[PDB]
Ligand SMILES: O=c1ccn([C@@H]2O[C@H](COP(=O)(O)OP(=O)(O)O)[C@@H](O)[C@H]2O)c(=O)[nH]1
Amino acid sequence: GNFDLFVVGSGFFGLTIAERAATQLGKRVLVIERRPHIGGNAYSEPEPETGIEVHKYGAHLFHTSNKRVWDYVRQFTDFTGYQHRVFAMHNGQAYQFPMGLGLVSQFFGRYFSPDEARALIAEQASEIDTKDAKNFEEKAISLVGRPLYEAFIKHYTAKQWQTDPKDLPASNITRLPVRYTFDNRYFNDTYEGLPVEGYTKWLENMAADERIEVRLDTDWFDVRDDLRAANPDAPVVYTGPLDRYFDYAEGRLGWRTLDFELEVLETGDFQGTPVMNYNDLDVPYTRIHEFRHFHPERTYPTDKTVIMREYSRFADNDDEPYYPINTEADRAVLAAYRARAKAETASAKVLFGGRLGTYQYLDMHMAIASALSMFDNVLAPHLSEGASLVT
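Which structure does this chain take on its own in the form deposited without the named molecule, if you write just that chain?
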């Protein structure tokens, strides 16, 4: 049939756009998705042996301080009262985390009060002067001191960035706070929780409107010419890779990827907490997720659990792209593609959005906020009142 709007990609950005067009302007929307499932990287699914919901592209924790977004998402799902907390494994011991009075007292072997901890860190971090810092390693030492740096930062950084911290620029550290309280709540956003029926149901609700069609297993580039010949005045919101859209004509944007190993174990509980960071070099993974703990309210089985080991890697051409590397070279490459994108927008009615469309890491709430904004300020005016898509 006929379409008023094409959305490429069914992640949170894509589905926010598609939903808002359908329900707020009455528009016919086609969502083209190349994967065999919707939801982009927020997709979740039960592990078969155990029934436990697993986040297939990495652990997804929802948090936001944006009231508008919080009100928007709650139309599609309820949230549990989950609060994220993380522990760290170093030299055979499990530490409270992030760095705070708990970790400090554990690591140094006795209670440090807020004033005493402040004094300790100050003294140890004085080894290097921050403005003299030549690189990441030195800057981190100049902020938290060498003992804490070498125990909980050095090797974890090396694993996560796949680069020796001495070869990372000092530039990539703004602050490196130690909490001078025992508060170990990981995020400090106003709103936080996990979707009660899980992420996939949430995303399916966003696509529920009759005026939205979702075509899975479909690559936009395989179908666009005849789809747009069908509906020439239909604008496009594209949330796939930016460099691919222009046939890599400016070069490939660099990304980091993640490898996961899912394992079902014959115990009811492997580590007693959702996420354990592994700070030492003697194991190759950065973190282990245990998914039963994301939803304690669920009646999961008692004799099995599923865990997931996470590993960091530079992305090869065909790896899933997760984090932009963002070298100067990358930023110059990006610069060229957004010029192309602005010209494609003006000439072909194609908007570029989302994590892949803009070469940006985006949290779920930031992707949603981004899409709501594109809708309100660029796309809806066009669809409703013929306004230009040129900014």
The other form holds:
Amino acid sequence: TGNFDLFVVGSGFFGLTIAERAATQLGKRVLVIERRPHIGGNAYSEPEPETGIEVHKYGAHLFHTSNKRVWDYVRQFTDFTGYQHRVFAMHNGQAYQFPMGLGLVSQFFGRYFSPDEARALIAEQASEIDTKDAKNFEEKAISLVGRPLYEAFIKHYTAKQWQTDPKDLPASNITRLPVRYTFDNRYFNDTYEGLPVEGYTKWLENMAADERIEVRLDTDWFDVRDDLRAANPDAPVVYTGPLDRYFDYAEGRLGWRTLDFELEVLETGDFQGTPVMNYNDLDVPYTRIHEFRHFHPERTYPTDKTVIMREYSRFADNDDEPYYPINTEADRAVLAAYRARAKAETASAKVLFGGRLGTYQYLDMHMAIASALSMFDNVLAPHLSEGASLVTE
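Starting from the form deposited without the named molecule shown above, please give the structure in the form solved in complex with the named molecule.
Single chain only below; no partners, no other molecules.
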């Protein structure tokens, strides 16, 4: 079919940022090809039929950023609530303040530690390694929170989530979490955050709203690309699906994690009194439980029912959609081969690669969007509007 100026594979925040930018800022005709039956990638939301409560289909999505560029951009498509994310950690039958801060320290060690007292305590317990010298997840984690807290709140959660030796996981995984010596327990440390007032799916649909954008759901790129590109040969492609799958796993399989969920409607108005409860112990199969009513107190939610979602992690087999890049040293070697294939495909077939799946990177929503805005301004727009090379100067 035609006519299109640009193809985008995948309708997550990366793909839709590209589509919206090309359509509105250049007046380009965009075709977005989505294999799932819905838009939005893993950020897709939908109502639970019984309660009418909006659920994040793939587990809680919390938006946060310190990038004002991004904040201004996304506010063109949605309003945000004043929500600030806080997570509690269940360990040995007790709910703990989390992440690292004077709350967690005083609870776990059984009495109040002042900022200076806590700094001294953790410094002793972390002394087996300095943070600068840390070379993997386990080392970095211990260097920041100390061995006792590492063993209680990090080690077993990480084992459930990754089922991978912590000495072979990336150090940057732990630096996602704030590390504090105050009573501050905000899960993020960014300037801006909140939840979309009308929900994620509305926000995503608003990004795809321009008349120059066409979205085709339930369509696999690899089934339709040859005839699509033949009819529109000038159009480049932005691919946001799994990187290894694009090349038919020719350089080996990257390790990914996937998730399963159990959604349950309960006959109580409030199951756990907080949106997300982490379960840090090996004795329960799920990593955390989401209770979505707490994300939108402003809505007309029932007061005698609630929807919760248990989250279970496992390896992405060949049958599964991947959710998390694992990035072991072995993975990173396979990734290097795929990055080489990707750059070749960009030069030859005018296919760009982006997003969590397209680049095998642990990307939050705001980082995917920043990345797409950059790709559009610096690489794609000059190609589309002056015929500049996708192999940039």
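Positions refer to the first chain, counted from 1. Here, rigid core means the biggest group of C-alpha atoms that superpose within 1.5 Å across both forms.
Following superposition on the rigid core between the two forms, the residue from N205, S126, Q83, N231 with a C-alpha displacement of 2 angstroms or more is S126, and no other.
Annotation: Cα of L281 displaced by at least 2 Å between the two forms, core superposition.
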